[PDB]
Amino acid sequence: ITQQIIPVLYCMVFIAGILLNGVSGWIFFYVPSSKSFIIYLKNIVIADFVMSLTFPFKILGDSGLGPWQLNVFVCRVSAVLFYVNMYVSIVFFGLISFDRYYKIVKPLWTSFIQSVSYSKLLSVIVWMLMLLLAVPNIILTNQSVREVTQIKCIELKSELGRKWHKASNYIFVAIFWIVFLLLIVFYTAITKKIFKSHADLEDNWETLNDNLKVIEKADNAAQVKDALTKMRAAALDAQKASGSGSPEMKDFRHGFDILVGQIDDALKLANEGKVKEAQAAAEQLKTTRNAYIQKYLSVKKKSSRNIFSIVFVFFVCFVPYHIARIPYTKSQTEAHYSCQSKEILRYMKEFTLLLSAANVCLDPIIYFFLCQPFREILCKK
Amino acid sequence: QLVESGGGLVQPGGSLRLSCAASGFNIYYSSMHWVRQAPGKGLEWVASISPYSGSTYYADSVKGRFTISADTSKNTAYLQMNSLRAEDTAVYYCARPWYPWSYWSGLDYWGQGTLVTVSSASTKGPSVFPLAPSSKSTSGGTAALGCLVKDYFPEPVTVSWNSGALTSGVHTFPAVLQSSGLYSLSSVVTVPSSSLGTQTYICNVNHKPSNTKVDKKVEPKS
Amino acid sequence: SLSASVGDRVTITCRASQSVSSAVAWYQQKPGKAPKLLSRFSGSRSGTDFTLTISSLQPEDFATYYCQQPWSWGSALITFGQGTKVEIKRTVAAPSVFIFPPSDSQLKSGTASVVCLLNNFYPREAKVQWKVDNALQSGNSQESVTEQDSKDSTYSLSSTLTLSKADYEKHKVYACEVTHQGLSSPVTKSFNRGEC
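Protein chains in written order, with the deposited numbering: chain A, 20 to 400; chain B, 45 to 266; chain C, 31 to 68, 81 to 238.
Just so you know, not all the hints are guaranteed correct.
Said to hold, decoys possible - Here are some of the chain B residues that sit facing chain A, going by a computed Cβ distance under 8 Å: (1) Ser-94; (2) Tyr-96; (3) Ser-97; (4) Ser-99; (5) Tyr-101; (6) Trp-145; (7) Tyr-147.
Don't read these hints as lab results, they were simulated from the structure. Using N, Cα and C, we set each Cβ at its ideal position, and we do this for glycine too.
Between the sequences and the hints, there should be enough to build the whole structure, so can you do that?
Dropping the structure here:
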């Protein structure tokens, strides 16, 4: 059932996905936004678009609909063009991860372009290094200097020149196992830092609420004075700590000067001895906290769904396929395994390749979440 | 009670200090706010100061460009505007909440408000053209005519009819700031058609800033 | 902007996403004066909406009402609403439309203003369109509307079409079309250049 299942299951799923993934991913190609901050997303857009454009020939080939010439064209061109785009898409995910790590965890790294990294230079260099410097086999795949191999069948292994593709397809995996492991350090360091920032904010607001309660229960000038001093210290500490968090909380540095304002006023109303009126001023801060957490819980949702969006897609699209490939090559080397297990594992490999190519349809999630200009364009569309 | 002063015509990029003098209380144990209302627009909060503690808040649109300070010796809150833009034209009201923290009430006490016009146009003149009626416009025995006062600066201008003798049916539209930076309005009166040949219609346009008086006769051109 | 006659109960609604207590201040700015902070006036809330109810109108309550949207008090940040204008209800009256050609004095100045006057109409919502040689105009007309009158409470609008003298003389016919809720069909008051 090896010859019939692949047209039945893999081909059907791929044909279902081609009509939707490219249609959903071609929207971001306009990019009437950004200049030197988002361009990594646009590079992923173009790589994904080329992926989906090259997809249809795969179903044309593996389903037996195309002739031997179509199979040869698929082997020589479509497979390589899809692979190079997928393995540059993973690299560009890793580069977005690098930007996210560098711009939130430590202040400066410096580069030839911009403060975080040379976005334009890296974007120009990575695609050039991937297209031909990583897979020279584009014109060097002129069959095995001979066609007419199993007629329409066995129209893939036909390649001359020691078939260096085997060397080129291992490294394509190997660099991924760097990028993936990179995401084990870029992200994870970006979760510890974010969690520390949120814990610092929560502790500051805890002590702020405690001192506000002390003010509401206070009796003379000394208690109000001490509580407002502690609350001002907490407000300043929270203002400083919020700057070390995610960039999706910029207004947090812009509203605290109001909070730390009214405490100061209340402070002047406690120092001067007017404790009985000072309390009233601190009562206004009770409306500050209610007006703050109502946004805080609204933005910690936004950050967590953003900072964990990419690590979601990368861990659902590309990682499962690279896990599944290891037994495939291992049992290619170890022929002692059963051939039925070989067939089932081939089915698993092609299904995981479909899952990885589903990053084309899953990338609109990243476009909608991580890009505020994309949100504005979608709203105004 | 609060009284504002210092508003007037300033060129774009200039600086102006509006002084809000407070009467009946001392500004030290208070908070003074400025709310600007653009001509024909809603209220917009500009700046706030609490002289007791010295805390100062600004709107996000005016942060840095403006600077509010207070002086309890003269009992006055001074808003100094620097790098004034064309959109800064508005009536500035000096508001003050009941308590310095206001408890919950809001800006209880308001000043009289003073106008700030940021336009580079020089004091120009009223050019009163006549808008004559016609027989085709007659319906119900009434036909309308009027005067157009165009390309004058600054506001305001007073338009009367027959030196105030004709007051019924007179509509004087609000002046609109054209794309040229100069103001223009129209004063139109609807009068009986049979009264055209017996009543003489003249529009009197008085522009005090330019000190110009123009008396223009309006008659259907025969 | 809304309309309600004397003695009618009115409800002005302000939109804000805050869910804190209803500490929303309502300002009644009568035209041409400083706003006034606000027993007929009563506060209410309905979800995200803050409502000011006037149980029984009075002649001095026809003013513009601004809320101070919630989160308007960590001591300061006073975001007023766009304002609701309460008008008088006076029975729809169709506009009286006239067209005034530019005078020869203005034509000697290098410009031409064609003034379309909509007189004594209600409600305020009227649409004015300029047609030059049956071709629609846009961006070259300024509309000025008077406040509601004191005696009969009717409005008045003036749409002035400002054109260059060369542009004025390039064309022949000039029409102002008026569409109003009180008019069964839009009325086009027009004149031909050079025809007295």
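Now for the hints, and whether the structure bears them out:
1. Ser-94: Hint holds; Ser-94 of chain B Cβ to chain A Cβ min 5 Å, cut 8 Å.
2. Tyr-96: Holds - the Cβ of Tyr-96 of chain B comes within 8 Å of chain A, reaching about 5 Å at its closest.
3. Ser-97: Status holds, d = 4 Å.
4. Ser-99: Result: holds, 4 Å to nearest chain A Cβ.
5. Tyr-101: Cβ of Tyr-101 of chain B sits 6 Å from chain A, so the hint holds.
6. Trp-145: 4 Å, holds
7. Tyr-147: 6 Å, holds
The structure fails none of the hints (numbered hints given earlier).
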